[PDB]
Structure formats: C-alpha cells, structure tokens
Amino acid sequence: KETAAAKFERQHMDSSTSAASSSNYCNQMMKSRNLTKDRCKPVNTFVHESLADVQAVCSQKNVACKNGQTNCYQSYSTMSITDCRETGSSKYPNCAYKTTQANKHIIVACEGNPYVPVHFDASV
C-alpha cells in the first residue's frame, strides 16, 4: 500500500534542490519517481521546499479545488517549483519532458488526521 500522503511526497516533493537544476531534471525525476511506469504522466509539478513548509499550506488560504470540492488551500507565499510537461518526441516507454522552473503559490487538497497534503491542485 502507499498512503495518500506518501504518494504526494513521492510525486511532488523535492526538497534536495532549491530549483530546477538543469534541462535534464524532469526526464530524470519523472522516471526516478516512477511517474513514467504505466504511461507518460503528461504533466507533474515538484516543490523545492521543506516538507514542514508544504504541510503548513493546509492551514493557509482555503480555496475551491478544481473539482468543486472545498478542501484546497493556497500558500500565502510563492514557493520554488519545477514544472514538467511531456514533449512531442515523448513516446512511451521513452517519455520526454521540458523542465520549467518558477516561483508561484501552490494549491493543494488536504485531508486526514493529521491534516496533510494529498493532491496537488494547481499553482498561481
């Protein structure tokens, strides 16, 4: 099994780097995190912050999730994020990604006891 909360960290957390290191970053991380095992996950975002920092977002600004549910929260501060979007030459099993670093507010769905992030919703 893999808890909702550990799957979030596996898919979205990357505190070991402060930014998108190189153009190689996405191809490497997407595969590394097993995001390219059943298909090429089209898009994925990695947050370069500490796990305490991202968890604290569950107590920040409450906003509507893209799905209409209401358990989403927006971060008061912008965080360092790396955006990975699948290219055109990307053909499974050879998935390809364009790495894109930025600093934006993250929106995450939170749930549970403790109330921890379980889904990345967006960034603005």
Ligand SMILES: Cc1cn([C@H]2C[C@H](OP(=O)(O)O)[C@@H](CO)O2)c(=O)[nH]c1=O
Contents of the next structure:
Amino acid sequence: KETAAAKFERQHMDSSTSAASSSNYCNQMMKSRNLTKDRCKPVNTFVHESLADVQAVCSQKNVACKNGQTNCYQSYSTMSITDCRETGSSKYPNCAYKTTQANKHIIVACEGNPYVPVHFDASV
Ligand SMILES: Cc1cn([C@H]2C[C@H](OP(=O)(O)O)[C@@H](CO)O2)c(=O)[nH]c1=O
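Would you mind generating the form deposited with the ligand bound now that we have the form solved without the ligand?
Once more the chain from above appears, this time first in line as the rest of the complex follows.
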C-alpha cells in the first residue's frame, strides 16, 4: 500500500525537532510512527533536517551501498540524527529503545522519478 518514498519519510524524517532532547525520544517516536505495531523494529535512524535537505542528498556524493548497489549517496555535510536501537531487555509488545543523538553524514539509496531517498543505509 505504502510507496517506497513515503515509507522512508515515515520511518526516517523528523524535521519538527532539531535534536533528541530526552532519553525517551526513541520510545515515543518508534511508537508514533507505527514501527512497533507488529514487531519491535530493532534499529532505526531519524533525521532532524528539512525534507528538502535530505532529498538533496540524492545529488551529492555517489558511493556503494552496504549491499553492493551503486545508487547510494553520502551527504557532503553532517546532519542532526537520532539512532534508536532496541535494548537487550526489549520484548514485543513492550519495545524499549536506547536513544543516541549525533551529528553525522548520512548515506541513503535513491530511486525513482523524482529521484528521492527510499532506504537509509548508514551514517558516518
Ligand atoms: C545501520 C542502520 C540501519 N538502519 C535501517 C535501514 C533499514 O530500513 P529501511 O531500508 O526501510 O530504510 C533497516 C533494515 O531493513 O535498518 C537505520 O535506519 N539506521 C542505521 O544506522
């Protein structure tokens, strides 16, 4: 039902805050973006930049994805991100996440017309 571009937006964009300011950020966000509905998604990164700035990464440095594909792009500049990772104690339906805020380059895979992000590969 969901398009790949829409799924990327839902899972990875949070332009409403400039950074995670709370250890509970990931618990709240993972739930509100419906990433804990049927299982606990083990890892997920939110990006705190405008949608335009993230879409613009598809015209920046072309690099290999972890899987060997060559439609990945690394941002020229660092971006505000929050990594959310399940803790060792987490068990569905009570998903529990560690929140780690950082400023780093992002790497996304791009596809389509318009050519936009569809997968979050990594941050560096
Ligand atoms: C390593 C890493 C993976 N992931 C993601 C990308 C994926 O979802 P997606 O491909 O929908 O963007 C996923 C594995 O399926 O874990 C992050 O969101 N942040 C990370 O730092």
